[PDB]
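> Read off the chains here:
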Amino acid sequence: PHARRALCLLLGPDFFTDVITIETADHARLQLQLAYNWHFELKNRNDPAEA
Amino acid sequence: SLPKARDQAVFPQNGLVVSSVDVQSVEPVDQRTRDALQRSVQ
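Note that the protein sequences, when read in sequence, are chains FB and GB. Numbers in the deposited numbering are just positions in the first sequence, counted from 1, shifted up by 507. Quick note on numbering: the second sequence equals residues 609, 619 to 659 in the deposited numbering.
It is worth saying that the hints were derived from the structure and are not from the lab. All C-beta atoms in this analysis are idealised placements derived from N, C-alpha and C, irrespective of residue type, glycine included. Do not take every clue at face value.
Said to hold, decoys possible - Distance ranges between label pairs, derived from CB positions:
1) GB:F628 x FB:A556: 42 to 52 Å
2) GB:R649 x FB:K550: 54 to 64 Å
3) GB:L633 x FB:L516: 17 to 27 Å
4) FB:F522 x GB:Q655: 19 to 29 Å
5) GB:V638 x FB:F522: 14 to 24 Å
Said to hold, decoys possible - If you want the ones that stay clear, here's a sample from chain FB, every Cβ over 12 Å from chain GB, calculated:
6) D525
7) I529
8) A532
9) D533
10) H534
11) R536
12) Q538
13) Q540
14) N544
15) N551
16) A558
Build out the structure end to end from the sequences listed, making use of the hints.
Right under this line is the structure:
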């Protein structure tokens, strides 16, 4: 919930080495490591509201 | 190129291009894939 804390909001492309605990229709409980290839998007990188 | 796909694995986030992917050996770790496929060998 709250582990890391930094002064900067990383906008560059990155990933999250997250693992989920999902269950399929056959009830098969399996955990699975995810990446979430993400990146922040700003069309106008000067507007105070959007920024 | 059934049919072959391409020759480039590009990541647009940073421009990192994986030219090719090479896998060395299939281990399977369990002893039961092991000398039971070894009876298959025999």
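> Starting from the hint 14 to 24 Å, judge whether the C-beta atoms of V638 of chain GB and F522 of chain FB obey it.
Taking Cβ atoms as reference, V638 of chain GB and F522 of chain FB lie about 18 Å apart, which means the hint holds.
> Is 19 to 29 Å a correct range for the gap between the Cβ atoms of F522 of chain FB and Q655 of chain GB?
violated (41 Å)
> Does the claim that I529 of chain FB lies outside the interface with chain GB hold up, using a Cβ gap greater than 12 Å?
Given that every Cβ of chain GB is farther than 12 Å from that of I529 of chain FB, nearest at about 24 Å, it holds.
> Check the following: the C-beta atoms of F628 of chain GB and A556 of chain FB are separated by a distance inside 42 to 52 Å.
Given a distance of about 31 Å, which is not inside 42 to 52 Å, the answer is violated.
> Could you see if the CB distance from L633 of chain GB to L516 of chain FB stays within 17 to 27 Å?
About 23 Å separates the Cβ atoms of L633 of chain GB and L516 of chain FB, which means 17 to 27 Å holds.
> With 12 Å as the threshold, tell me whether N544 of chain FB passes as away from chain GB on beta-carbon distances.
violated (7 Å)
> Could one say that the CB atoms of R649 of chain GB and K550 of chain FB fall in the range 54 to 64 Å?
holds (56 Å)
> With 12 Å as the threshold, tell me whether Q538 of chain FB passes as away from chain GB on beta-carbon distances.
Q538 of chain FB is indeed farther than 12 Å from all Cβ atoms of chain GB, at 19 Å.
> Does the no-contact call for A532 of chain FB survive, Cβ to all of chain GB over 12 Å?
holds (27 Å)
> If I take the minimum Cβ distance from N551 of chain FB to any residue of chain GB, is it greater than 12 Å?
holds (21 Å)
> Measuring Cβ to Cβ, find out whether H534 of chain FB lies farther than 12 Å from everything in chain GB.
Given a closest Cβ separation of 24 Å, the condition holds.
> So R536 of chain FB supposedly isn't at the interface. Is its beta-carbon more than 12 Å from every beta-carbon in chain GB?
holds (21 Å)
When the structure is compared with the earlier hints, violations turn up for hints 1, 4 and 14 and for no others.
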